[PDB]
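Quick setup: one chain, the form solved without 2'-deoxyuridine-5'-monophosphate, written in structure tokens, and binding and motion questions come after.
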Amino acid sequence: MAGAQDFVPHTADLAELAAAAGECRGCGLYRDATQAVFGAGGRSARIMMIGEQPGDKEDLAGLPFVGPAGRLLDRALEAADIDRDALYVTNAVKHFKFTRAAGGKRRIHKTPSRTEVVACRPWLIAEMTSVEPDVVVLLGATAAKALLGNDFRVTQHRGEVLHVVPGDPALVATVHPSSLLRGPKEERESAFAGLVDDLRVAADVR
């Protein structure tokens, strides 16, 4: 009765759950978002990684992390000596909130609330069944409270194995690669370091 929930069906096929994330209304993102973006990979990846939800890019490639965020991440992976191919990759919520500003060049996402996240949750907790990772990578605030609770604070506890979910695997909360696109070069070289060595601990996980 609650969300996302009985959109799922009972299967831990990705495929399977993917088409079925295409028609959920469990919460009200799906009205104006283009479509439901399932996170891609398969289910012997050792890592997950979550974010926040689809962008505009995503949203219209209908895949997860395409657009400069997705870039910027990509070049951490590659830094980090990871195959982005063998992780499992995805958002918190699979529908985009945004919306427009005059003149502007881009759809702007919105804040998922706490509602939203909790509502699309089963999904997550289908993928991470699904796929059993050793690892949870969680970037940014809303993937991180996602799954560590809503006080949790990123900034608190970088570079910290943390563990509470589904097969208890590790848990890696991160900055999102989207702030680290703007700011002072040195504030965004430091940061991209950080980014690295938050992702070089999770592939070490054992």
Contents of the next structure:
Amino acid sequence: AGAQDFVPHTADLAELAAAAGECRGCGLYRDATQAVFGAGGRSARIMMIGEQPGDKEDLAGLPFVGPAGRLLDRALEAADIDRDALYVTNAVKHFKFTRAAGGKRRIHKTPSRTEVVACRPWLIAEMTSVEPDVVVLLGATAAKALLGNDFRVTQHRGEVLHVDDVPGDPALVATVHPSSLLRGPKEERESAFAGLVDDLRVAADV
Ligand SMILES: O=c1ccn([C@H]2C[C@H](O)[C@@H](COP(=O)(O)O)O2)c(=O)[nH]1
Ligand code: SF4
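Given the form solved without 2'-deoxyuridine-5'-monophosphate, corresponding form deposited with 2'-deoxyuridine-5'-monophosphate bound:
Once more the chain from above appears, this time first in line as the rest of the complex follows.
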């Protein structure tokens, strides 16, 4: 099923990342430039999971390097979390996208539940490799990957969750995706940023 046979029996993140480059677990590898594995080391206490690499990440080979990542950086710094101490990844490892004519970037398309479930063996391998104390789930796709397809981020914001399905039983904190804080009225963007900082601090206080 999905990516499972492409995942090697090792927890070395370098070997896992190289193997993900060869994954064909769903259709998304075809049009993407490369797989984007997570970034960080196995000593990390906090793992953070987004949806997928975007346009910038697809070509950089690293997660959260575009506008959403710069906003995330600002939130982390405000929460006194050192990004180099995190393990940062995504629920799906290949960018799913289209282009619009006259557009200034490739625009992401939402992974189907099928693609999320197909790619989840990589996330499980990352979680068993890193053994985080806490997992921050940035946005609906990542949160649903571990908490179920019906899960609503908006309804559980600053809550420490635990589900028996997850290897290692880390605490789980589901929050807004940083990209959602890029646009909208200023007061709403400012209130939403504060809430993201709060949720990051919940995770770091686990
Ligand atoms: O590492 C990443 C980078 C971007 N994303 C998402 C965030 C946004 O909704 C889109 C585009 O990211 P952006 O940094 O805003 O260009 O992809 C992600 O889920 N994980
Ligand atoms: S998105 Fe995930 S399951 Fe699909 S081909 Fe890429 S690494 Fe494999």
